[PDB]
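First, one chain by itself in structure tokens, the form deposited in one PDB entry.
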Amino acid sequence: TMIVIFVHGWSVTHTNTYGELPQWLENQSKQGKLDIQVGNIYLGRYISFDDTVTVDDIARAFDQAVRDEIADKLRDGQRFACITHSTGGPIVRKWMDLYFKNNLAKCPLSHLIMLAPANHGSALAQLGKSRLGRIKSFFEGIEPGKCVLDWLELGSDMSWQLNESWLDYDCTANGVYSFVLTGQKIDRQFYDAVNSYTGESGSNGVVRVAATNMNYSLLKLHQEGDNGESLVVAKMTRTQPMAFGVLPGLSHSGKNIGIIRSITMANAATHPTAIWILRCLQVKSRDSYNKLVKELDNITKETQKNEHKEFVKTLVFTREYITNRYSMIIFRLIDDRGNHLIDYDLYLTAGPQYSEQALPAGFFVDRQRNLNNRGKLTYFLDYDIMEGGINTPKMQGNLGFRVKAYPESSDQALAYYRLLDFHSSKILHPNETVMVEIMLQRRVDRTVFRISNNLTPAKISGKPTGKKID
């Protein structure tokens, strides 16, 4: 009654990317642990190395591939589970959005198990097609498709569109049980030295675990107050809870410790991914699901506690690597007129007074700005260093945002924005991404247009009246 479909990631050119997990599940079903008839396990192959192919298209082609091989079985009423890796995750989420956003109860997918999904993007996607194809994790010279890489770029418009659309989902309430499994171990033998993201703390060498999590909040900040005063009003929303687990000592790819690539028949019984793939596949109820959620999070705590400090030693060097728990902000800033702000300055603030110079030492990990939509900003931060120094008596747990959009207020300004200030701290969570959309009031001065019945001609002064228009 159960069908299983594997979906790989980008820059994949061989179906052994799935390791030996497919054979395992078929072999496990033969022993009564799964109800998968012979021939109901499918290996998915899709073309991710084409510059002309967008993400939507592959989601359209996935639909065509599903109806093609198993329309008869879906008519009988079987439903399938999705075990994806890397881009496969976002692809299937798009396919669901393209075909079942508002009738998920009638979607033929029964389970969706995502392995290290770049649900909120990969920092390396901005590196390009050629500079990143050189990294042996892809290899060829110029590997993955440009349009796939536009999607995965941090602060991507399409990424925001699909994830804000997914804010409304309720998979559990509709009989769809989704999960996310990821690791935070760097396969240090493949660290590209002149591309630090490959050994970034908080990642498996490719995707940051905070980008894997499907538990995230959208925070909308609207500027108000006429010419003073009131200013910012906040409204926050959150996805439905999803089973989230950071498993121990598993990187993104590679036979050695690849989250899926490292699965063999011999080690499947003790492979964290193999073990938990199955337990998720076994879910058939709401209580079973929620018991798996509270089990997975417990593991997440354990692995991130056990992988906090690492001492690797060669005959040449001695090194300690610190891996904490992290967070991610995707900032979008628009205005009340439809323009997308691209020129601005954004500050995190803290202290009794919400000063931009007060955040604890070491709060920052990385700042990236999207190439196509420049006005999108993705910050990568150390939640543990922050929360540690944030939550004290004389800092009071404060954290805020200050956007200085441009052009700024001046004695000659005619269309400009004002300083926006927000004071809070719950915005950030460990191993979580946050989407902050900040809407500013575009302020046009009355001088931009004036009328006077003084019919004696005169020069048109660019003299601002210092008074805004309604």
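Residue numbers count along the first chain shown, from 1. Rigid core here is just the name for the largest C-alpha set that superposes within 1.5 Å across the two forms. What changes on going to the form deposited in another entry:
- Following superposition on the rigid core between the two forms, the residue from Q161, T237, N306, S230 with a C-alpha displacement of 2 angstroms or more is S230, and no other.
- Residue displacement note: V444 has its CA displaced by under 2 Å between the two forms (rigid core superposed).
- Once you line up the core between the two forms, the Cα of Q64 stays within less than 2 Å of where it was.
- If you fit the rigid core between the two forms, you'll see the Cα of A413 move by 2 angstroms or more.
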Contents of the next structure:
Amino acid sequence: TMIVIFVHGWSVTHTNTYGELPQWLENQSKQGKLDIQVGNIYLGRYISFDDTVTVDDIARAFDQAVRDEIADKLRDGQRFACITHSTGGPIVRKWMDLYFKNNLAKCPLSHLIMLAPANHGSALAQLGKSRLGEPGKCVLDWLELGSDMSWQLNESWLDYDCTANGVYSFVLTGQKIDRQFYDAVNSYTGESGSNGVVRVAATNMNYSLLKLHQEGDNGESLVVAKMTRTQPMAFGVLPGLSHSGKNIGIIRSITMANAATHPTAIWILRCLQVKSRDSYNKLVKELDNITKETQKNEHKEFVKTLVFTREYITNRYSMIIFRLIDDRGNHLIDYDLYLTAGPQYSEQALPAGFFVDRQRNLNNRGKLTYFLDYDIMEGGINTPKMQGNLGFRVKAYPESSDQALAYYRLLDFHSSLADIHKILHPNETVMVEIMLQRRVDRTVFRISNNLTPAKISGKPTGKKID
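Same protein, different form: I have the form deposited in one PDB entry, so give me the form deposited in another entry.
A single chain, with no partners or molecules, comes next.
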């Protein structure tokens, strides 16, 4: 039999954040659609408004909360399904990483259903505690785009295979703005490609990590590339749902009256009924078809008022998180990073409208997140004259011996959107780690058996050390 545990998001102070979905699941079980005994549905509550509490702290506390309440039930063979919202996803994923990484088959969790999870962060976190209010400062450090902590967790997750270990994981999210909750001085709260809080691409656990490492001898720079990708995970963009709120909040808006027709309740029930690789994979495809339908139907939105009418265009988007490092363990903080396109990989040739947002992490200036319009990029680049080309160029500083005796050579990376080995996918994040060679001029240290003392020159030799 199944236990269900609800886990909420950040800045929550009341378990009504779960709407009435717990009570509904209870009733569905009584109707034979789920095998949940009365008393096996649990509401989680964790503290998100304490500046001292870290995500590590919360994930450790969940392990304790589980043992304190259902240790007997787990010993008797029961496994639980977690239904998470917002930060709840990352926290449960961290708990899995802390206690079961190399051993998912013994994890007492059977289903992970993440609702609008901030798996690759929220652009709002950087706005900080004062403006955002409420949220705890340490959890905002995790949620900040480009966070070193989310990078570490998500790099660890590249190696996971939940499905093969009998753990069925799902991401469901929406991309509707509840336009009554638009903060006019913080336009992230209405950002296209988001639900007001998390970007669709930042919810998706289908992502890649691309490592580009600079090589070279005496002469010119070369680039070795390696891409690794997470295992497939169910991913669905459901229609008409925002992050929060009783109107169209992805979970907040569920009631006993509307649940039967509520996309979230409908698909959560399906997810929980998965018991096999075959059933999982059918739901993967079903949710992908729903995604395609949702995003076509919501592409254009017309909002009518007594005074004005607005048109809103919602395409599909990609998020790049760049990590700039060198081969001596430094994060690079002084650099220019270019996208390039066209037959000559020009920084001036990107399709007009490619850009939505950029943000640089406040704790690590080597972490830079770009948010791009995938459909505008693909349409403009995959033409005869543009040849499908897409690339990066990174210029780190100092750039030559004449400026400093330690310096970096420019890196160029040439790719394509015209084949299946591409680095951008709609509704996905890609993590890009660029490692430059730290070049040190031989003048940094010379020895000479001329014993006549002399002034020490800083003039470069023009030849780097090994």
